[PDB]
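Novice: For reference, the chains in residue letters:
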Amino acid sequence: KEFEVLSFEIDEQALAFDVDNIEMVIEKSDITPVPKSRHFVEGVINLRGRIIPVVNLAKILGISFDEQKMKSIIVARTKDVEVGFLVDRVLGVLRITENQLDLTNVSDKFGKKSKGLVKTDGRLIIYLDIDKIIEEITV
Amino acid sequence: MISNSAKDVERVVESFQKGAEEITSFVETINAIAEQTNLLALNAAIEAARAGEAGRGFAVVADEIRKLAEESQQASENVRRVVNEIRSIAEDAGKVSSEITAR
Amino acid sequence: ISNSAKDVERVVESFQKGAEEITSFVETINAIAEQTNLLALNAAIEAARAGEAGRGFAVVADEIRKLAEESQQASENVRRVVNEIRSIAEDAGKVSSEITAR
Amino acid sequence: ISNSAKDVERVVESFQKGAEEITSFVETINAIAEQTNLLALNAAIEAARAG
Amino acid sequence: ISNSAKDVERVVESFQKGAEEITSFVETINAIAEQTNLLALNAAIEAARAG
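Residue numbers (this note's numbering), protein chains in the order written: chain A, 12 to 150; chain B, 45 to 147; chain C, 1333 to 1434; chain D, 2 to 52; chain E, 2 to 52.
The hints are simulated quantities; they were obtained by calculation from the structure and are not laboratory data. Backbone N, C-alpha and C fix where the C-beta goes; we use that ideal spot for every residue, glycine too. Take these hints with a grain of salt, some might be off.
Not the full set, but computed from the structure, chain B residues with beta-carbon under 7 Å of chain C [what the hints assert, rightly or not]:
id, residue
1, 46
2, 56
3, 66
4, 67
5, 74
6, 81
7, 84
8, 112
9, 115
10, 118
11, 119
12, 123
13, 133
14, 143
15, 146
Excised from the complex, chain A in its bound form:
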């Protein structure tokens, strides 16, 4: 299968999840505070007439990050919920080949909510599982 994913970075590390679960992408501006909210969330924004929660991806994966550097909110779309992810730069749509996709889950510490790792001669594009990431926020 030829998978189409959205490529984007955090802290000099490439990441990506499918285009199937994308609403659009925007640049950060003031995020409305919600009182007594979970620590891995920034707040809420109004996007296309809907109230989208703005999650901080790196606090879900447990990876190192620098908060000021981030400025791109990637709005996702699942059947359960629609959620924005604050990150660094974005590339766009990257067609990946099944031949170059490794499925090992013990390679790095966030490998269980990662669907795999795309091998390449540039920065290694890690394939996430949107599903298991939304499954984390609702517990």
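We have chain A; now place chains B, C, D and E onto it with these hints.
Specialist: Here is chains B, C, D and E on its own, set in the frame of chain A:
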């Protein structure tokens, strides 16, 4: 006559220190426009790719618009380095224009 | 004042060459912006042919077209200042050497 | 006539600006016509395919 | 040397005139090439969308 000629140095020096900030505010504007056009083109490209078969012909054009937008973003980051060089050569000249005017 | 004038010759040549060097970016940005306008128009003139299916693609194309025609205006204001700066660069030729001669 | 000849320097300067204002309209008319040409070509490359 | 320098004044003017004639060919070549570019883009922007 070296008086009148050095006063005409201050005409060139303050006209170039004004022309630095002039072009700088116009380049900050062509930067803003380019990176916003890049983001608008990228949104089109992603939403079109998501749309599948009928989205494809639009995604091709959208990515070609994005290519010219990121060539305009590159062009804006080069015309800025030279306007910031022109700035330095204009401001760093005013310490010499005030020395020839004093002497 | 003659050795303080040699600092001015160094500046005036960096301005004379710097005004030919910035002019290639006036030409280049104008060209790209006028191409981006025609390309955005080429998308606009056919996203409207897709009706309800083209809806949000004709809205984005519009704001791309409108932004790219503002890139032309900003470029026309850089052209205006670069021409003024280029003519001052050549004018400064006189003031520069009329000191070290006197 | 020393003052009447200074009026001519002012006229010749108003000519130099007056030909630069018509050159911005040459650019404007030319630009509009090249867009109109491209629009007519986008129609021609498909009306000639439309039997 | 006075009559041979008048032959140089003829040359220096023929350089100035020959460089205004060669500049009109720079204008022409740019024009044809920039249209050739735009025509090739008009074919590319739809031949890639013609499967």
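Novice: Does each hint hold? Answer for all of them.
Specialist: Here is how each hint holds up against the structure:
The restraint placing residue 46 of chain B at the interface with chain C holds, with a minimum CB-CB distance near 6 Å, inside the 7 Å limit. Checking residue 56 of chain B against chain C by beta carbon gives a least distance of about 5 Å; that is within 7 Å, so the hint holds. Taken as an interface hint, residue 66 of chain B checks out: its beta carbon lies about 5 Å from the nearest beta carbon of chain C, inside 7 Å. The restraint placing residue 67 of chain B at the interface with chain C holds, with a minimum CB-CB distance near 5 Å, inside the 7 Å limit.
At about 5 Å, the closest approach between the beta carbon of residue 74 of chain B and any beta carbon in chain C falls short of 7 Å, and the interface hint on this residue holds. Interface hint at residue 81 of chain B: satisfied, since its Cβ lies 5 Å from the closest Cβ of chain C, which is below the 7 Å cut-off. Given hint, residue 84 of chain B at the interface with chain C, holds; its Cβ is 5 Å from that chain's nearest Cβ, closer than 7 Å. This hint holds: residue 112 of chain B has a C-beta 5 Å from the nearest C-beta of chain C, less than the 7 Å allowed.
Evaluation of the residue 115 of chain B hint against chain C yields a held restraint, the C-beta minimum of about 6 Å falling below 7 Å. Nearest Cβ of chain C to the Cβ of residue 118 of chain B: about 10 Å, over the 7 Å cut. The hint is violated. Given hint, residue 119 of chain B at the interface with chain C, holds; its Cβ is 5 Å from that chain's nearest Cβ, closer than 7 Å. A least Cβ separation of about 4 Å between residue 123 of chain B and chain C falls short of the 7 Å threshold, and the interface hint therefore holds.
The interface hint given for residue 133 of chain B holds, since its Cβ lies 5 Å from the closest Cβ of chain C, which is under the 7 Å cut-off. Taking 7 Å as the C-beta cut-off, the interface hint given for residue 143 of chain B holds, the closest approach to chain C being about 6 Å. For residue 146 of chain B, the interface hint is violated, since its Cβ never comes within 7 Å of a Cβ in chain C; the closest pair sits about 10 Å apart.
In this structure, the hints that do not hold are numbers 10, 15, in rising order.
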